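Please construct the entire structure, taking both the sequences and the accompanying hints into account.
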Amino acid sequence: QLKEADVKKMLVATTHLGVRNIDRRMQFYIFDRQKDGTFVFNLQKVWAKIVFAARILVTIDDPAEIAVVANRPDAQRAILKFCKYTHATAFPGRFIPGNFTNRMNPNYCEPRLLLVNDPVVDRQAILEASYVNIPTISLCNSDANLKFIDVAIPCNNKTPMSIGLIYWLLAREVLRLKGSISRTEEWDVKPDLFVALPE
Amino acid sequence: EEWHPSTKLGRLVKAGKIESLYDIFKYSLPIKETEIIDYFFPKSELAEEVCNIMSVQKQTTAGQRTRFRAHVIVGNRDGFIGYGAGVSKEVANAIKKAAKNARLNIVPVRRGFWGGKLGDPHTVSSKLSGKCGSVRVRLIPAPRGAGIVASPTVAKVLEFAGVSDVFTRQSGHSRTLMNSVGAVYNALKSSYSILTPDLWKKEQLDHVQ
Amino acid sequence: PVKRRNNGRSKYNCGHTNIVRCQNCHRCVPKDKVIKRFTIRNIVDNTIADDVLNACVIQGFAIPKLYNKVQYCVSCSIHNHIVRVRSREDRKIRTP
Amino acid sequence: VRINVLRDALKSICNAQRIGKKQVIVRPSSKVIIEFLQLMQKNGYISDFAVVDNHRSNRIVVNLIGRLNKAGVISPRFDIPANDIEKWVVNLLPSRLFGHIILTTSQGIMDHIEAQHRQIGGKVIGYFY
Amino acid sequence: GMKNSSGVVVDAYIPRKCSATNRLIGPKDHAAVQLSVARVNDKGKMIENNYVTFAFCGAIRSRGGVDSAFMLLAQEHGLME
RNA sequence: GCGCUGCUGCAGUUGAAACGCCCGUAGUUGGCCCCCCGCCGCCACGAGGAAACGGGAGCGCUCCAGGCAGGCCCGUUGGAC
RNA sequence: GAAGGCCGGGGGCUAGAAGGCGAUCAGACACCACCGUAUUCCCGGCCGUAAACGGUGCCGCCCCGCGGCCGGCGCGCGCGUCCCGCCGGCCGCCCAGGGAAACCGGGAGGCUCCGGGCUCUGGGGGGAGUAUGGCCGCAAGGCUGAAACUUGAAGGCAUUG
Ligand SMILES: [Mg+2]
Ligand SMILES: [Mg+2]
Ligand SMILES: [Mg+2]
Ligand SMILES: [Mg+2]
Ligand SMILES: [Mg+2]
Ligand SMILES: [Mg+2]
Ligand SMILES: [Mg+2]
Ligand SMILES: [Mg+2]
Ligand SMILES: [Mg+2]
Ligand SMILES: [Zn+2]
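From first to last, the protein sequence lines stand for chains A, C, a, W and V. All you need for the entry's author numbering is the position in the first sequence, starting with 1, plus 13. All you need for the entry's author numbering is the position in the second sequence, starting with 1, plus 24. All you need for the entry's author numbering is the position in the third sequence, starting with 1, plus 10. All you need for the entry's author numbering is the position in the fourth sequence, starting with 1, plus 1. All you need for the entry's author numbering is the position in the fifth sequence, starting with 1, plus 6.
No lab work stands behind these hints, which were simulated from the structure alone. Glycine included, each C-beta is placed from N, C-alpha and C at the ideal position. Any given hint might turn out to be false.
[Unchecked claim] Under the rule of at most 25 Å between Cα atoms (straight-line distance), these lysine-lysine pairs were calculated in the DSS-like manner:
hint, chain 1, residue 1, chain 2, residue 2
1, A, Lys203, V, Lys51
2, a, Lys75, a, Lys21
3, C, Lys56, C, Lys124
4, V, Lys34, C, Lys121
5, W, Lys22, C, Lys225
6, V, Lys34, A, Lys160
7, V, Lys51, A, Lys22
8, C, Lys32, C, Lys50
9, C, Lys151, W, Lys32
10, C, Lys180, V, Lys34
11, V, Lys51, C, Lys225
12, C, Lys38, V, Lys51
13, W, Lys12, C, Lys155
[Unchecked claim] Taking beta-carbon pairs under 7 Å as the criterion, some of the chain V residues facing chain A (in silico):
hint, residue
14, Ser11
15, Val14
16, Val39
17, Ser42
18, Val43
19, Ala44
20, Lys51
21, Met52
22, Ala65
23, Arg67
24, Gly70
25, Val72
26, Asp73
[Said to hold, decoys possible] If you anchor each label on the Cβ, the simulated ranges turn out as follows:
hint, chain 1, residue 1, chain 2, residue 2, range
27, W, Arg57, A, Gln40, 32 to 38 Å
28, A, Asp49, a, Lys79, 38 to 44 Å
29, A, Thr51, W, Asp54, 43 to 49 Å
30, C, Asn76, W, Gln42, 50 to 56 Å
31, A, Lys21, W, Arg57, 53 to 59 Å
32, C, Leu219, W, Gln42, 16 to 22 Å
33, C, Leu219, W, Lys43, 17 to 23 Å
Structure below.
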């Protein structure tokens with residue numbers, strides 16, 4: 014289900030606005046193209062995808078085995094807040110090759126699930142996960158290549174507000190699923206924390 | 025000193041939580057510790073053999089730098105076979121590395137019948153083929169009592185895999201030992217990935233392991 | 011073996027092309043294989059353009075240019091540093 | 002020019018099944034194609050199919066369910082004797098236990114098991130397993 | 007699944023079949039994964055612990071199309087609309 | 001041995017090897033459709049037509065290579081096919 | 001059926017086989033400089049070869065994704081030589097797959113799990129595209145095409161120096 018508050022927040026966040034390029038595997042999520050050429054997503058689809066992803070995430074009993082990777086500087090704050098509130102693990106900054114296959118590496122873990130923001134910017138992590146039976150969930154724009162991506166979340170990734178909002182909604186939904194916070198009352202935390210603030 | 029696990033799977037093996045190797049193979053889990061297998065073969069039931077020893081040289085400003093490359097296979101004669109290689113400045117260390125690599129990678133082998141079904145399977149389930157370099161191999165099921173019709177190198181592998189009846193054909197430059205052994209290894213590995221009408225049964229996935 | 015997918019020339023949908031002469035050695039070359047550059051330069055070198063303009067009597071006169079096209083062969087381009095021998099991976103780069 | 006319609010159909014089917022597709026469309030229809038597909042269906046390899054009429058060059062739609070591993074034709078129809086089937090079975094099939102070889106006889110299109118049962122021979126069409 | 011003359015099974019183990027392609031998953035297919043999905047109470051906001059399990063082979067993952075396959079599978083297994 | 005003569009079953013960008021291109025006769029190959037009649041091929045069965053050789057049923061030349069013998073109380077003893 | 005070459009007629013400016021001459025070199029009858037005949041141009045007619053190359057025969061089917069250009073047609077609107085498609089052609093990158101690899105991927109894929117149809121060629125290296133016959137051609141030469149004898153490697157793609 015989609016409510017007016019959520020849709021208006023998304024539109025003010027410009028989450029539904031994408032890129033000129035289009036992929037044959039993302040046309041199911043495209044609603045229309047503007048006159049300039051930018052493609053427009055469908056909010057029902059992205060909301061359903063968020064719900065399904067939250068179900069998949071909560072299915073994991075130990076939150077410490079979920080890995081969040083984000084080399085994009087815009088996403089860092091959002092991923093930190095997501096892990097802190099959801100008790101997950103972050104790999105900010107450069108992803109060291111061998112972090113999943115080299116057991117001598119000082120930062121080595123055996124995650125059960127992997128989360129990403131941009132396959133192109135985090136290509137190395139996805140490849141490594143392909144070697145050790147690790148599924149992945151990622152955020153995808155209108156032009157993304159699905160190479161070992163299991164679940165995609167259609168949304169823009171350039172605008173930092175879009176990045177922070179999506180993680181905030183995901184955390185809200187998973188927390189509601191876990192049984193801590195009910196659906197009716199608004200979550201205490203506000204999205205503005207997830208959006209990076211300058212100076 | 026004592027085997028200290030370095031992986032979640034290794035720790036599970038240290039505990040008695042998982043009891044069979046077929047459980048690990050059923051979920052395609054990579055193996056990184058040589059102890060994870062020897063625990064399941066405490067009596068050193070695994071055999072060992074050095075197929076070939078070759079010397080490789082590298083030209084340098086002052087003469088050549090020589091090194092040794094070794095190939096090793098291991099099996100318990102009961103549907104398990106492994107193959108590995110190792111390179112080192114010294115022969116013994118190369119042999120140790122090759123043995124370790126061969127132990128690390130191992131595959132189960134499916135066996136079947138030629139016509140009449142009589143208790144224990146005695147030959148390969150069906151026709152299998154492999155490819156490495158220019159070499160190709162064909163393994164064709166044979167009747168009971170037909171022996172192993174194959175070259176000495178391939179026959180040793182088929183023995184260590186626990187087969188008794190089989191017809192073989194080789195093509196290409198088979199005098200290159202490593203590529204022949206790799207082709208037969210790949211053919212055997214493919215066995216448990218071929219669908220048959222007996223496996224058409226539709227089973228629901230289970231939440232174990 | 012084969013070094014370039016284009017075989018060292020730009021020849022598509024044709025059998026033969028007209029020939030040109032290298033401007034340095036006067037070698038005959040196919041038009042699709044010759045190295046071409048376009049230049050635009052002042053008739054008077056820029057060091058004395060101001061002097062010429064001061065000496066000029068006319069008002070608002072503009073210095074004329076030279077418009078020429080230079081065509082060179084493969085050997086002469088390399089010898090005169092018009093092109094460079096590149097690495098195996100940099101041979102595919104097409105931007106200037 | 003087009004000659005063997007069955008070969009094209011089988012190649013298309015295998016190509017589609019390779020990449021885990023769900024439906025295929027083969028352009029020219031024929032009685033032999035229909036009987037081949039019926040036998041495949043009775044043995045459990047390709048489930049259901051439909052024939053679409055257009056007056057010329059009827060099209061067909063088939064639904065796939067994996068299972069099939071290989072299919073082919075033998076272009077020149079050789080005349081297999083009734084007692085010469087074992088050699089072809091060994092040469093063509095992976096094992097003597099689950100493959101099928103198709104023959105055309107005066108009694109109709111059947112399998113090699115059925116022809117062995119009736120101790121008759123005929124001409125070969127193709128194979129699948 | 008291959009029986010003996012007496013009807014006693016003799017295969018050492020039965021491997022897993024990809025939920026979308028019905029293809030056997032090999033002992034060395036390290037790109038093969040299986041996920042799970044949780045059910046939601048009538049009132050929602052609470053998962054019962056009952057899990058629906060799916061497994062996919064490496065080939066389809068490399069080729070893409072796992073997303074659409076998963077969507078159709080969930081639709082067939084659930085009223086996700 | 002030799003899938004180094006390739007029907008099963010080779011090769012033909014770079015190792016040996018696609019005629020400079022087009023037209024074209026002999027030759028080879030030719031979409032789909034009619035429910036049953038005639039003809040050709042095809043499959044199965046059968047008749048007819050030398051054995052020896054080969055296969056193969058039975059028989060302890062002391063065994064065997066062999067031969068068609070042989071036992072008493074023998075298919076009408078046998079040499080079937 | 002390129003260019004060169006030949007026969008018989010025209011024409012004669014550039015360049016330029018042969019030839020001549022100056023330099024350079026130990027020598028230089030070659031490279032560099034200068035002069036210059038045939039030829040290069042047109043008509044009529046012979047010859048019938050080229051790294052005549054995409055070194056990949058012709059017809060036909062299926063086949064990941066992204067992009068550019070050319071020709072024609074249709075759809076839509078906010079009417080721009082806009083964007084969304086179809087057919088045909090010329091190109092680039094590339095997942096699978098293939099291969100000894102370089103690489104191909106509008107196949108060099110769908111093939112040892114080895115059968116769509118037709119045609120041509122090859123079977124270690126030299127001797128040798130030679131000898132001897134035949135056909136064609138004014139000729140130069142082209143098509144066809146051996147043996148004796150000899151030899152243990154010759155070749156391909158890639159790696160380190
Ligand atoms: Mg070179
Ligand atoms: Mg040309
Ligand atoms: Mg050969
Ligand atoms: Mg050459
Ligand atoms: Mg050659
Ligand atoms: Mg001329
Ligand atoms: Mg040629
Ligand atoms: Mg073949
Ligand atoms: Mg020779
Ligand atoms: Zn020049």
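Results for each hint:
1. A:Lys203 with V:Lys51: holds (20 Å)
2. a:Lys75 with a:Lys21: The hint is violated at about 33 Å.
3. C:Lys56 with C:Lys124: Judged against 25 Å, a Cα distance of about 10 Å means the pair holds.
4. V:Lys34 with C:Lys121: The given pair, whose Cα atoms are some 21 Å apart, holds under the 25 Å limit.
5. W:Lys22 with C:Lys225: This hinted pair holds, its Cα atoms lying about 21 Å apart.
6. V:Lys34 with A:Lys160: With a Cα-Cα distance of about 19 Å, the restraint between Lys34 (chain V) and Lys160 (chain A) holds, given a limit of 25 Å.
7. V:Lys51 with A:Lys22: holds (22 Å)
8. C:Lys32 with C:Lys50: Holds: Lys32 (chain C) and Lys50 (chain C) sit about 17 Å apart, inside 25 Å.
9. C:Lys151 with W:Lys32: violated (33 Å)
10. C:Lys180 with V:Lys34: Holds, because 23 Å separates the two Cα atoms, which is no more than 25 Å.
11. V:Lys51 with C:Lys225: Violated, at about 37 Å.
12. C:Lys38 with V:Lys51: violated (39 Å)
13. W:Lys12 with C:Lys155: Holds, at about 24 Å.
14. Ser11: violated (38 Å)
15. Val14: violated (33 Å)
16. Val39: At 5 Å from the nearest chain A Cβ, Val39 (chain V) passes the 7 Å test, so the hint holds.
17. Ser42: holds (5 Å)
18. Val43: Hint on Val43 (chain V): holds, closest Cβ of chain A at ~6 Å, below 7 Å.
19. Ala44: Since chain A brings a Cβ to about 5 Å from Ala44 (chain V), closer than 7 Å, the hint holds.
20. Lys51: holds (5 Å)
21. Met52: Constraint on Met52 (chain V) satisfied, holds at 5 Å.
22. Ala65: violated (11 Å)
23. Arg67: Hint holds; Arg67 (chain V) Cβ to chain A Cβ min 5 Å, cut 7 Å.
24. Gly70: Hint on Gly70 (chain V): holds, closest Cβ of chain A at ~4 Å, below 7 Å.
25. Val72: Because about 5 Å separates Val72 (chain V) from the closest Cβ in chain A, which is inside the 7 Å limit, the hint holds.
26. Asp73: holds (5 Å)
27. W:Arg57 with A:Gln40: 32 to 38 Å: With a Cβ separation near 34 Å, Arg57 (chain W) and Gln40 (chain A) satisfy 32 to 38 Å, so the hint holds.
28. A:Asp49 with a:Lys79: 38 to 44 Å: This hint holds: roughly 39 Å between Cβ atoms.
29. A:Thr51 with W:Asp54: 43 to 49 Å: Holds, at about 46 Å.
30. C:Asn76 with W:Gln42: 50 to 56 Å: Given a distance of about 51 Å, which is inside 50 to 56 Å, the answer is holds.
31. A:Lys21 with W:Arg57: 53 to 59 Å: Once the Cβ atoms are compared, 57 Å apart, the range 53 to 59 Å for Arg57 (chain W) and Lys21 (chain A) holds.
32. C:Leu219 with W:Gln42: 16 to 22 Å: holds (18 Å)
33. C:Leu219 with W:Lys43: 17 to 23 Å: holds (19 Å)
Of the numbered hints given earlier, the model fails hints 2, 9, 11, 12, 14, 15 and 22; all others are met.
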